[PDB]
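Asker: Given next are the chains, with one letter for each unit.
Number of protein chains: 2
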Amino acid sequence: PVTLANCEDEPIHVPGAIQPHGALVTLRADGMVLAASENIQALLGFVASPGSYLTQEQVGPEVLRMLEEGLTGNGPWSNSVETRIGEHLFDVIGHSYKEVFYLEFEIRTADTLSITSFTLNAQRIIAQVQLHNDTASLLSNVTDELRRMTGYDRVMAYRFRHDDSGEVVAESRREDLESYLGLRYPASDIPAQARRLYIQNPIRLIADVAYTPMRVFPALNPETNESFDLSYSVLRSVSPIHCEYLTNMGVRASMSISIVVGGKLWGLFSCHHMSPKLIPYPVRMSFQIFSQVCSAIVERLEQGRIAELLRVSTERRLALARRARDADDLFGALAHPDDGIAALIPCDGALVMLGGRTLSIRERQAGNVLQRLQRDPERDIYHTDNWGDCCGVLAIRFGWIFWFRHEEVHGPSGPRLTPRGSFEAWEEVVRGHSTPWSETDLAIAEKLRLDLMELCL
Amino acid sequence: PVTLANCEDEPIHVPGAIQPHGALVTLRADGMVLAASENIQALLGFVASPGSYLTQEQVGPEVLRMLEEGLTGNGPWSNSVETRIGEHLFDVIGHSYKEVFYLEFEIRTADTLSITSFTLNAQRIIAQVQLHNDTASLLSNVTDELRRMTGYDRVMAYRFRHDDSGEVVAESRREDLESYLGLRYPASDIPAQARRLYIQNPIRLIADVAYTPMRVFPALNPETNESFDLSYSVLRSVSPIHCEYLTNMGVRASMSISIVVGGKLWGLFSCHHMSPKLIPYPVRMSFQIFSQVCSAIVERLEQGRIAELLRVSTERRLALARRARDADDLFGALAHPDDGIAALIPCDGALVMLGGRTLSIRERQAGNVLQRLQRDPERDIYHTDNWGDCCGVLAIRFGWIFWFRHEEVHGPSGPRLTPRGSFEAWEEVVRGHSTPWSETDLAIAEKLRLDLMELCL
Ligand SMILES: */C=C/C1=C(C)C(=O)N/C1=C\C1=NC(=C\c2[nH]c(/C=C3/NC(=O)C(C=C)=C3C)c(C)c2CCC(=O)O)/C(CCC(=O)O)=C1C
Ligand SMILES: */C=C/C1=C(C)C(=O)N/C1=C\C1=NC(=C\c2[nH]c(/C=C3/NC(=O)C(C=C)=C3C)c(C)c2CCC(=O)O)/C(CCC(=O)O)=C1C
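Protein sequences appear in the order of chains A and B.
Numbered according to the UniProt record's numbering, the first sequence spans residues 6 to 367, 371 to 395, 406 to 416, 422 to 433, 448 to 494.
Numbered according to the UniProt record's numbering, the second sequence spans residues 6 to 367, 371 to 395, 406 to 416, 422 to 433, 448 to 494.
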């Protein structure tokens, strides 16, 4: 059973059930059926029974042909074919994962996307990704054009911050609907397995959120004694918790393009529609490759950006050391506040103590902080938050130096599963926390302390 | 008739013919046949005749359905369909240009490419473009991964200097064949029309070089009284001049992927084959989009690179001005080989002159040159090639400054058309010529002279 105590650790990769707008058949390395969704009979003619091998008179030759390329091919298998199976026309989408071949049969609604039509869906959106250098403009434009293409009632862009939280930084919507721009949610809203998954699969599609699921039996794969890993499964079922959530939001369909940098989920477009919605495989695949393209683009953009700040920041420090290694009045040289310490690390106020002289840029607290480093009389550095009249504190020793950051930063069945009810849960994590001290800030204060450890007279 | 005098003016966009590995039908905006290749009957079993309208019984319903969505469309029409006609299965590629509908029939000789397989070609190759942050690692890698994909037996990469000349900066070949790296050709080797084109069309495919062409009739479009524009036409016809060339090279097939920065041809991968070869539409359409991605990835890398040189460069001047303006010894500040003016513009030698005192860093050519501008006694700036013993000369007045570049830089049926033969007619135009003075170099000397216009004492 699934609750708020239990959402942190839920195995959404091996649910043992899909969604009903398709069917699933799992087969082993020799094509023998190991398991099938329970609507196979309802969607198609056959009764896929463990032990059986698929036959032309069940699934068509196109599928068998396809599946064969798979069983004899060597590496990971991915492929599809547009086959008529008796009731309807189908997109049969296969892959192998672990030591299992999945054959997901999703429903087609005509007609064939020309290869060409497919190439300019891709090229149309990609094109929107390469007009801009700013990362914000980039997100803002794609968010827009995605909606034009999909028709989704709402297209959104989320950024993820080092602390694994989330912000909505772009939007294009139906105006009947509330705006989300600026909203903030915690890491806890996307459990490690959702996340680790959004990285693995560029795209997710949820078609009906109040869909009532469809199980695969057996729930457990005889060959391996473990359940089936539907990680790469298209129709893989959605967790119930996130379903209670989207319903509290009044949303019936979902769709997510991923944006990945380093080995990490850096952001993601999440499309919403207020009635059920299905984006056909071929078109998903467009946006699949878009996701590959967008991710690289952002990586280089963001490394260039960061490298810059990193340089102006280091170029500052060095400027300051050369200005002191060559300057007397180390206090006054540290001090034309504009050349000052507070100009090196992002803070709200800072402090330069040495000898019996102080200056509170942007004195008394200094005899209290040195009095809390009384029990660690050999610390040359100090870093904390959540604390006088400031919670963010970073301290270096050579005389000392301090930088400060305050913190004025900024139905259902369960409580917190709501847009504003997640933002409220957020505030708590942040009401006693200043902007944390980047890897960089620890390096700067560090290189600085050393730099001033060179000065002799 | 086409000669070496007639190479640069040849209209290769309006040949009135195509390659024979397919057939072409043109139609006015209402479907009526305006012209067709002289090989339709042979290939297809129709006699597409001006005045006719195509009918299901010759072209299949699939085409007509396509064509109709074109006629009743609004914008630039592009699309295609994999129909079977009487003898063969076909890739039928259509587009509208000017006010005409081209229907090109290219013989299909494979199994269908799954939308999935297609996407992995796209993604495989794209992944290559995104591994590297260096522009040369980039070319080198993709240049390789392309051959693995296509199987072409020689695939090269070309960069294009500002004078629109060429240079093979990467390669991957069948060992039996001579290597090409470092090779250089003139602008003349690619006339502004072929270049205009490669910019318009990501991809060109030459199927057989000694192909003996197939004409379209009438040669001239009655509606317009002009010839048909076959840019954007896939089966368009190759110039004979370039055909003689590839043959003098012992090359039978071709294919090129464009790389475009600014509105300009920045480089392009060219694929060669010592025997006939033919990439299918759909695959070409993977590389089409690849080309789009690759072009962008390159544009941003190069603007970053250049944005950087341009900064280290400017930061230099500024450094230099503050050193001169803030010391009394200018000669000593302006000629310190490290604070050197020689450090500002990329040269082989330089010179500082003011009063009766000079210094030849890295002097006689100067006596002649200050004698040249004797007939122009109100110039404050000078620049030239191809000229004593140094040909590159740039001079600024304040008191004078000079920068120098010597230029030690570095069968058939027609005279020149050959690899080592275009390089021979490349040299004779560059020998007198020193590395030309960049747009950037004229801005640096100018800024400098102005900066020094500043010093009062
Ligand atoms: C403890 C488990 C979960 C909590 C708590 C929760 O809120 N969701 C939990 C499970 C899953 N969430 C999944 C995706 C997801 N969750 C969010 C969180 C939000 N916080 C907000 O304030 C808002 C909106 C105002 C949201 C949506 C987001 C943004 C996402 C990504 C997809 C989306 O944006 O719709 C998730 C993955 C499900 C799947 O698709 O398989 C699970 C499970
Ligand atoms: C003045 C007209 C031409 C001269 C001179 C000539 O050499 N070719 C002329 C016509 C065309 N050339 C086209 C493409 C093209 N030409 C070159 C020139 C080279 N210089 C070299 O050193 C080498 C090889 C070592 C070559 C090939 C190149 C590189 C290219 C691009 C295509 C390729 O690399 O194979 C051209 C376009 C024809 C078309 O495809 O429509 C025309 C016309």
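Please note that the accuracy of each hint is not assured.
Claimed, not checked - Okay, the calculated beta carbon distance ranges per label pair:
1. 337/A to 323/B: 53 to 63 Å
2. 103/B to 19/A: 32 to 42 Å
3. 227/A to 47/B: 51 to 61 Å
4. 466/A to 117/B: 46 to 56 Å
5. 321/A to 475/B: 27 to 37 Å
6. 56/B to 305/A: 50 to 60 Å
7. 479/B to 321/A: 29 to 39 Å
8. 493/A to 187/B: 18 to 28 Å
9. 323/B to 184/A: 39 to 49 Å
10. 332/B to 433/A: 50 to 60 Å
11. 324/B to 468/A: 24 to 34 Å
To be verified - Not the full set, but computed from the structure, chain A residues with beta-carbon under 7 Å of chain B:
12. 127
13. 225
14. 297
15. 298
As the list claims (entries may be wrong) - Among chain B residues calculated to face chain A with C-beta under 7 Å, some are:
16. 115
17. 119
18. 121
19. 251
20. 252
21. 255
What the hints contain is simulated information worked out from the structure, not anything from laboratory work.
We put the beta carbon where it would ideally sit given N, CA and C, even for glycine.
Asker: Output the indices of the hints that this structure fails to meet, ascending.
Answerer: Structure breaks hints 1, 2, 8, 11, 13, 16, 19, 20, 21.
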